[PDB]
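There are 2 protein chains.
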Amino acid sequence: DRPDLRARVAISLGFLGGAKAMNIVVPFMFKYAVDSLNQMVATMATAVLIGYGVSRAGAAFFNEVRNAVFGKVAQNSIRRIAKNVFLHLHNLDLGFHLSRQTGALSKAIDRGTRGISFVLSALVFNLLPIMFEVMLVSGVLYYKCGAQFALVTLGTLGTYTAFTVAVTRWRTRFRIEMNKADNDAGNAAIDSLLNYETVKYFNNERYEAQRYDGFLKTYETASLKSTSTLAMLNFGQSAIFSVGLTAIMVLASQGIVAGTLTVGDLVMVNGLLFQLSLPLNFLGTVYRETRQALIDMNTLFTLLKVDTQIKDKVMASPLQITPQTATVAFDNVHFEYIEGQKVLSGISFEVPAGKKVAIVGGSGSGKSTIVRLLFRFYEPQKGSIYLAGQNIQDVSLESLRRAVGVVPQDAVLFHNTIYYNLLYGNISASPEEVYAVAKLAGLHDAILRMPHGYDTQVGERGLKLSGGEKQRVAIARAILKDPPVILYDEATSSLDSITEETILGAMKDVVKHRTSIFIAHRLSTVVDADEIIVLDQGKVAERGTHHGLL
Amino acid sequence: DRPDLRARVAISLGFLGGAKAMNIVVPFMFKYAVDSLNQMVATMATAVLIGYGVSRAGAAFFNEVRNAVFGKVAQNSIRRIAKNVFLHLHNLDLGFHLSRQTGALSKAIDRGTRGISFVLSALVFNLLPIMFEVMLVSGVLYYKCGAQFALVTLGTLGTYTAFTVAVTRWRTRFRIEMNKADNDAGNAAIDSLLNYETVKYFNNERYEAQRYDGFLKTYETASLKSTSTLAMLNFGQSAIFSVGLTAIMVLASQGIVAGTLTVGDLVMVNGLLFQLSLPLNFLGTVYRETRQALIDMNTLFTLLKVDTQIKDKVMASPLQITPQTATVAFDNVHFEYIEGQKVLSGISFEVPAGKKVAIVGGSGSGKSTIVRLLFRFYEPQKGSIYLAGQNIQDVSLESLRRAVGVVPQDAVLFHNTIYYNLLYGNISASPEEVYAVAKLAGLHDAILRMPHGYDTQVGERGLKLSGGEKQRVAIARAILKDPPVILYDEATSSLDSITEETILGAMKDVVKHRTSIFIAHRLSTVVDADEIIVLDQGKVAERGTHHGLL
Ligand SMILES: Nc1ncnc2c1ncn2[C@@H]1O[C@H](COP(=O)(O)OP(=O)(O)NP(=O)(O)O)[C@@H](O)[C@H]1O
Ligand SMILES: Nc1ncnc2c1ncn2[C@@H]1O[C@H](COP(=O)(O)OP(=O)(O)NP(=O)(O)O)[C@@H](O)[C@H]1O
Ligand SMILES: [Mg+2]
Ligand SMILES: [Mg+2]
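Here the protein sequences come in this chain order: A and B. Under the numbering used here, the first residue of the first sequence is numbered 1, with each subsequent residue one higher. Under the numbering used here, the first residue of the second sequence is numbered 1, with each subsequent residue one higher.
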């Protein structure tokens, strides 16, 4: 609906048309020059030669301005689809991204974008202009000279395309065979290199060389066959074009002898047919990978269509929240991660406002399931969840996400500065608040002990950090978010004792005048809970204070 | 020194020359046809047109037969260098392959071979033929018409190549910028995908999209600049060729007006210059990656030149060996794997013929160093090694390798059938001996319990196997080799007890009437040794039988 893109497309098509027109005009110019020189007074011939030169220069200019304009508009379009698909991809369920246990999604999306761009560019720069050229050639040859010339040029193009189509598959089979042979040789080389200790242990240094030589023959025959068939295809194309040129020139000469049309008219049709024939090898060399581009586009489309999982509901009502009330509770919670495997069943808690509640389990069965469920990653098909009297599934999503904050079991940090990771908790927060939160988290000492401090580079490719710093960063982010409800899922892996008391004190500071749900495996960390819940074989069996022991 | 390759090269060059000659003849043919039709009787014109067609067809045929012949000879050469470099690579020291802790060597060697082939093919198919074309054009234009035509065509080529060289670098800088921007965008996408849990934890789903959009601009500007500069370069080329054609045709017309040369001579020089100009864009599009091919070739050459490490000595005397004698011993052995770190020092053993000697150490300091040294992987610069009174360093290498057999600490198996791995111990061994050895090794029961048996596929990509089967395979290979001296370096990792007694019985069968050096960490495995050697802090301190305790 943007007129700018329509204007650019129209300009590109008009430039294509003008370019084809000038390409058609050029042989007319040459023929007029030849006739003028045959008649002889040289001023007219010089003018026609200058016209020939400027016409072909203008044709090239038109081609290239069309190329530049369409490149700009297409690349802008690629920027729009890529930006949209990125946001769309970051909306699916957690299960899909857990299944996609690789970073191949970025490669897939970029490959699809490049493939779409390549397909569009190849189509608009080859298919339409070549068909337009053929139509203009046929029309001008039929009107200027006769029907026979148009018929013979159409026949020449028909036999050329038929031959190319026939040879393409008979060559791609050999290409596939060579590719498989090369892969086999590479795998054999990998195995021989890997078994080098055993190779040295025995006398087998020449046997591996002989095997590699045999594999080199297996690749050799296919390579030779592919080269030979490529040469044969090129011969077919060139000979077809030669026969076409010879026939058209013979027809022009036969017309000349009768005196129907003037001498010097065969050279124009020769040049015109040849300039028609020029781009048909560029056509093939770009069609070579169009199938792969289309395959990549299909893969991207399928990945976009895996988006059938949508946890968002309709009628997004607002969430009424306040520091008081907000009594998180359950009602007959049953849920299964694995189809038919009751990981969690019969769970129902009761957390009053301002009270710290800690849940403790064994090796683990649903300990992190509470964190997953309360943040609305999965739907508890049985029972319900209550938050200030509001069901999780009956309220607008991202507002619920903003209401409750979580300190995760694990931690991942963006490949940026520490200050950016701290600020990630609240984008519109003042830097002074960020510094105060970081100081409150008991991390500023490690920041000043860092090689740089706030601006030090931390990431996967940055300097490595232990678990304690990541826990401090997560706690500080939770503080910066400032949620009325906090879910601290402390990591199962232990750390230094002093760090444990520091994080315990930090969490005690967090709990002040708010609701906190603690997950831990150490009794000393949960002695301060108002009520403690014990999880056994996926069920709740024990509730109460620390006086219940274990 | 093979006349076949010289004959093929001569045939290819002769076909190239004939092809260029025919390409030169074609415009002469067209000019003769034009003059014949201008004079008019049509039989001569028809004959000249037929000659034009057959001449251009023959020129294409000559090009392509040259292409096929040189492809064959070059690919054969590639097969020779690859086969030689594989054998040369499997001759270096163990340290180089330990340092090369990747399978990238095969990729490097294949990439280098393809790069050498590509460089040779591009050179022989573009540089020489184009220079020959230019020389023939200049000569024929100077002799047939005059010096001015040759001068102007040489000037046109000079300005074309100067413009292309000038624009190449100014475009490759933009190419580098675009490549870096694309890499940055991909890395940002990787980070955003990896931090998806933290993205969902907060409200930051649109912020990542905005950042990706900014990166898309950073890539966008470079892409647009590269497309624009490519279009500008193409305009420069086409306009230069247009000016050249216009100038040459104007000169031909000026010559025609004076009557010095006949009408219809401008079209021949036009077509001749254009067919000269035809391949100069193929030239650039193949030169695009010649630098990368040369870089790969340089990397392969450097890797071949890392071969300065050569443990082989001169004056390879034969090794006198017999089941008797062969008393392996040391004399003040000191060696350091890490420069300045005395891993092994002051080691001197004494193993009489037919006696089983076991060495036992702590966590490990030089336990496998004995296995490494006796098989001549490293040189003990201090002291000497005695084997039947023959120094290891003063005898031919691979015969010493064949004399002594080793059961390794670890094990690796070729990605082939079990029968092939068993036969790898002795290539020229009868299959019946292989079956008898396998049965003696206590493995045929597991073979018949296997899904297939002898022909089952076992490898990295095959079915996985535990350590016990690998140990049985190694023992059976050692039996098939049948060495007078055996060094059994039993793995530090333990296995099933019953498997331990079975392998102990197998080793006891091995020791019969031969010399065996055992390495183990279990006292029960070494109680049967004639004398036991205890290694402490890299030195020998305790020697004797089992009565010495520990
Ligand atoms: N995406 C998933 N699909 C299926 N099962 C899952 C998935 N994620 C986790 N589980 C299972 O959920 C069970 C309980 O998980 P969790 O709540 O983390 O307790 P835990 O991991 O066993 N104890 P802890 O290590 O302290 O968290 C585990 O045994 C997992 O096998
Ligand atoms: N290629 C090498 N370069 C440098 N140091 C090495 C190399 N190989 C081994 N070492 C070191 O030398 C020591 C001797 O290793 P080795 O002779 O295998 O006994 P071990 O590894 O100590 N114990 P075990 O597991 O019973 O073999 C090891 O501790 C290694 O760290
Ligand atoms: Mg957990
Ligand atoms: Mg060892």
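Where hints are given, some of them may not hold.
Identical chains blur together in the list; that is why a pair holds if it fits in one copy or across any two.
[To be verified] Here are the simulated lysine to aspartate or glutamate pairs, DMTMM-like style, with alpha carbons at most 25 Å apart:
{"hint": "1", "residue 1": "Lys72", "residue 2": "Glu398"}
{"hint": "2", "residue 1": "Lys83", "residue 2": "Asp213"}
{"hint": "3", "residue 1": "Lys144", "residue 2": "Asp35"}
{"hint": "4", "residue 1": "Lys225", "residue 2": "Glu177"}
{"hint": "5", "residue 1": "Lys107", "residue 2": "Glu205"}
{"hint": "6", "residue 1": "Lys107", "residue 2": "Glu289"}
Derived by calculation from the structure, the hints in this document are not laboratory data.
Hints versus structure:
Neither within a single protomer nor between protomers do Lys72 and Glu398 lie at most 25 Å apart by alpha-carbon distance, with minima of 37 Å and 66 Å respectively. In the homo-oligomer, the alpha carbons of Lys83 and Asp213 lie at most 25 Å apart only across protomers (6 Å), although the nearest pairing inside one protomer, at 50 Å, exceeds that limit. Taking the shortest Cα distances, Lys144 and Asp35 sit within 25 Å of each other both inside one copy (16 Å) and across copies (23 Å). For a Cα distance limit of 25 Å, the shortest separation of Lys225 from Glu177 inside one copy, 10 Å, qualifies, whereas the shortest one across copies, 40 Å, does not.
Taking CA atoms no more than 25 Å apart as the test, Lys107 paired with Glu205 passes between copies only; the shortest distance there is 20 Å, against 40 Å inside one copy. Both within a single protomer and between protomers do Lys107 and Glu289 lie at most 25 Å apart by alpha-carbon distance, with minima of 18 Å and 23 Å respectively.
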